[PDB]
Each structure stands twice: as C-alpha cells, then as structure tokens.
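What follows is an incomplete set of chains from the complex, kept in their original frame.
Chain IDs A and B follow the sequence of writing; residue 1 opens each chain.
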Amino acid sequence: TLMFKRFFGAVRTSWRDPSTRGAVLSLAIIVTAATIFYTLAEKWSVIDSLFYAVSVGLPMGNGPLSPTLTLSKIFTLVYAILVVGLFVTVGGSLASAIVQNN
Amino acid sequence: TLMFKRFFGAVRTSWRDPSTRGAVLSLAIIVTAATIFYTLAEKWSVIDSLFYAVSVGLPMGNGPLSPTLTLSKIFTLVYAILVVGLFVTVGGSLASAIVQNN
C-alpha cells in the first residue's frame, strides 16, 4: 500500500514540466552518479548507497551511514555543495504541483 | 507545561489562512500516511513514527530511529521528496504569522 505514495507522488506530480523542471534531469544524473560511487568505493548496498546520496541535499538524515575513507569524505563535500540547490527547487516544484492537484 | 506553546503557537498561527495555506492540508495528509506506514511497516510507536515523519523534511534530526527495511527505506526516499516542499512553505507562512503577531 505504498502505491498511493509512489503513484500519487513521484510518478504523478513528477510530470508537471516547464523548461526549468529540467532540474529533475540534472538531479537524476547527480544522485545516480553519487550512488554508483558509494556502492563501489564505500562498498554499501544499492539502497543504502542511494540513501546516503539522497541524504546530502535533503533534511532526511543519513543512516548509520557516514563516509569512512578519504575519497568518500572529500567527494561527499563536493557532491553535497552542488546537489543541495538541485534538491531544493525540485522539491518546491513538486510541492507547488501537489496543492493545485486537489 | 508545553501548554504555553500549543495554545500560543501550534493552534495560534494556523488560525490565519491565504490561498497557499491549502499547503497545510496536503502536508497533513502526507504526514499522517507516513506515520501510519511507519507504525505498520517499521513497527514503531505512533510518536516514534510521527517523529520520524517530521524528521525527514525539517532539519531537526532523528536521533535513534532510522528505517531498517528496504521497503521503508524506499518509502522514506519517495516520501521525502514530496513533503519537503510542503514543510518549507508551511514553515515560512507560519513563521511570518508569528512576526505579524508582534
């Protein structure tokens, strides 16, 4: 029953596009890229890898998960600084869409 | 003894509405669902669930609690992206309403 969320959520209001919710596109590369890195370098599972990635722009909250290696530390910074912007506007957009969707 | 805040804040500032504080309603809907899932899925108590729900889109931080199921992990992930926007705007309007009460 996580249906009503995924379907009346990420799927449904993710298809409200201006020229400037090409930020979603921008987001997806970056999150995905981070996830790959986390999986490979930090050795974590895909979900956990994704969880960490999502965490560094959003108030969600990383898990037990934190970087243990120098590359993972440094990388987390550089990614984090960028994506924080990206997460924001997208969240705003979706929020906006939700309200005029009822 | 939080009787001060609940009357002076939480049930103070909501009694003030524009068009865009339709956002409250959506946020309410999001949170409730989230909490329910947590209680059912993640087995935690109503508040612990409820706390966790709030934790994900505001910066406060979750202490001990973190999702342990892949299913709940994705639920957070999906749910995270929707609610944050809502949190932002309710956060802002609500804050402004304090300021216009002094």
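Odds and ends about this structure:
Rule of thumb we're sticking to: a residue touches a chain if its C-beta (ideal position, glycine included) is under 8 Å from a C-beta of that chain, and two chains touch if they have at least 3 such contacts.
All together, the complex described by this structure holds 4 copies of its single chain type, of which 2 are visible.
Here is the rule we go by: only the chains that are shown with their structure count from here on.
Centroids built from CA atoms put chain B at 19 Å from chain A. Partner chain B is touched in their complex by these residues of chain A: 1-2, 4-6, 9-10, 13, 47-48, 50-51, 54, 58-61, 63-64, 87, 90-96, 98-99, 102. Taken in their complex, chain B has these residues touching chain A: 20, 22-23, 25-26, 33, 37, 55-62, 66, 70-71, 73-82, 84-89.
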